[PDB]
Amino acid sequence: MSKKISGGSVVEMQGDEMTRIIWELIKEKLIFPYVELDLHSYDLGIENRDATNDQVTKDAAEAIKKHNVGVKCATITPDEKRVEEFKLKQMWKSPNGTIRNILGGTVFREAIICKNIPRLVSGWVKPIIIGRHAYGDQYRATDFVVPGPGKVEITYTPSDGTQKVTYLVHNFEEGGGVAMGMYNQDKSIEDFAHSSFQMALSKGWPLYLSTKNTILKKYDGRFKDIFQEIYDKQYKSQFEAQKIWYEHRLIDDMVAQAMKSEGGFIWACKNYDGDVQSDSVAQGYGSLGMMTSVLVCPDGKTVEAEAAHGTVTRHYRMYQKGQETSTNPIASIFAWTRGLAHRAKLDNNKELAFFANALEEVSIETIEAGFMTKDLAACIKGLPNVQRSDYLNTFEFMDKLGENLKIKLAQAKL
């Protein structure tokens, strides 16, 4: 609509439920008024994905390869109950898995900190950065139900023409169950290691990798060996210069060490662990609504910013019944600022870069000034002691943000 700064090419991906509502408020009140964009939109709402048989999801991924920058809204991943809810043709796969599998790379997640917000974990005075391997494992697996007594096996047929190898997975003598198979590639694991070592060096913090190699001796063993190998041959000396270090730990030990630490380190996580632990860490610092998530591709030019949390169904349900909601929009806001910032970097656009940072400090300034959504208010007071007066609802908060942004930009221009 009414815009002024030249933003450039950006790939936008619309989402579902509560986040879809918030997403539009962000563009209308915080972005469009000040930035003119060459926008490429792809509606990843559950209805449009079903309509296009999920083709829209693949088109978006490819669009990101071309334009180099994407910003995504949380989306719904269908299970049986969802198929029945929207009368879907199929139980579509996670659009995040599809995008990540096509782009590849590492998803770096970190909390968004405000000085007036108490944490649930007492010692985290420094930031914890998680590097989630964005490829393979459970997010590209094959699983099915075992109908009754029978044999389940997994085989490998070499392109080198030698004899195929067959391994027994299990002999179901009586009754059925379930089975599945998953995998990962060396090249992808290699990129994962490089991005981890590089992130630790740019921050000047130690690096940790977690696996369960004692149980999955071959599978996880490969992650552990590739990391150690690349470290010894290309990064060990650089780490020592900055007096930092790299260590591998069993997932058990790692989550406990993290819990009692004071933060200040990079945490390389396999796909699943990175998925689960980034939520635990976000909640630890305060709220799932306060965290950044950016997929950094192996090219060092392409990026996809997103909100790590989901569509927030519980809040949407309330909305549908006419009950007042107080959903944190910051995570969704920082997906735009982080993306536009990268856009700025790639175009040497100082104005856009200025805008991206300006919106980020306005978000933090607002909350520290005392205006926040219910989740952050519960951090200060106890959830049981939170009063309606301690916070603004979803839309009152977007309005306040809007005014503050308008004031800061004016302050800058004048």
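Positions refer to the first chain, counted from 1. Take the two forms, superpose them, and find the largest set of C-alpha atoms that agree within 1.5 Å; that set is the rigid core. Compared with the form deposited in another entry:
- Lining up the core between the two forms shows that one residue from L37, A63, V386, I364 moves its Cα 2 Å or more, and that residue is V386.
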The other form holds:
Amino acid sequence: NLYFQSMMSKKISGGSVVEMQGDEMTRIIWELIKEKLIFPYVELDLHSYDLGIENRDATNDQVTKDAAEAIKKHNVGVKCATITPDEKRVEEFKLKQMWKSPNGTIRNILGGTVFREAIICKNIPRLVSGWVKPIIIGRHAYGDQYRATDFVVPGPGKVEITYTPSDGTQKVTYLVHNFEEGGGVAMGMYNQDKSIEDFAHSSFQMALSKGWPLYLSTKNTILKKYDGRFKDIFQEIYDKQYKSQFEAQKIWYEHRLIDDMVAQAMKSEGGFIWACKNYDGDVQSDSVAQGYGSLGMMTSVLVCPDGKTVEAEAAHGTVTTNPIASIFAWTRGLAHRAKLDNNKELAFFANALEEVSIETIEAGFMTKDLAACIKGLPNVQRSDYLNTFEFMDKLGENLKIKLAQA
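Mind giving me the form deposited in another entry, seeing as the form deposited in one PDB entry was just shown?
The next block holds one chain only.
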């Protein structure tokens, strides 16, 4: 019967995508984006996992692990912002327990490097004067504080850390501290050579791809072994495989100590790749995003080690109405889907939604937070901005106009 029916869609054939629905207001906006900007124009084979807090509670966090496995399988995730619950959220939402970070879980499973960068609009002023070009952070997605084991130390006693080799070689025990004073806290943490090796590769690849120098930040003067391993693995790798390519593009790779690097970034004019360790990537990406003008205006795409799988996300929720991050999580995921499938139509679509998003804002049609950034929240009146629904409609109006013209 497949030969006899021509039941092929008038929409762009979008292909396979794993979606992860999120929390709060972002979940609401997500749907609006789906209904007004994506689905009218693109048919998709969506696999949908509800990662809202309330469904994670219902499925004892299993849905998160399944969402992650589905991403391994279909190669593209697009995720809405979610809650990582604290003490008070457990009470508020009558939850079973404090579900660990879903992003942590997803990233542990998938692996890779999370590339984050501002979404720049000519009329949204920067907070840092000299940043005339973008700064791209590659956040190492694995290990460190995100897969640590931390605990309270109730009283006097000795915390030790040990390593028992797989083979026969005996144990190595190291004192961490001898509490004789009272109690405190203690943690152990780790990372792994292959993950680090992958981290490096991606960073070198991004640098080459943009034509920009790369810096890795650590604090190997203090963490001589732990961070020394990062510094070493990157240097090794750069010398063997990338130095010549880099010299050919008139760019370079340097290690920097973390505190020097943040000052360097702040003093810079932009236009470099910044390889960061997990925590640092988490911390510096927010700073950089806010420095470009808005915390919400940011892309964030986990690029897996397999050179194929990708998870795009809206990284921030409501900050404490801006749909652009969510919009661009869809466009970046679809741009990548179009890459895998060699679909010129899908990639034209993704790119056009992005342009229209930015042209709309540049033309003076924007949500309240963006209008706050221009003239200060105290000075903002109703007529300066569009509400969530009105903004989405206005983007719909303009996306339709621009997709017609092709």
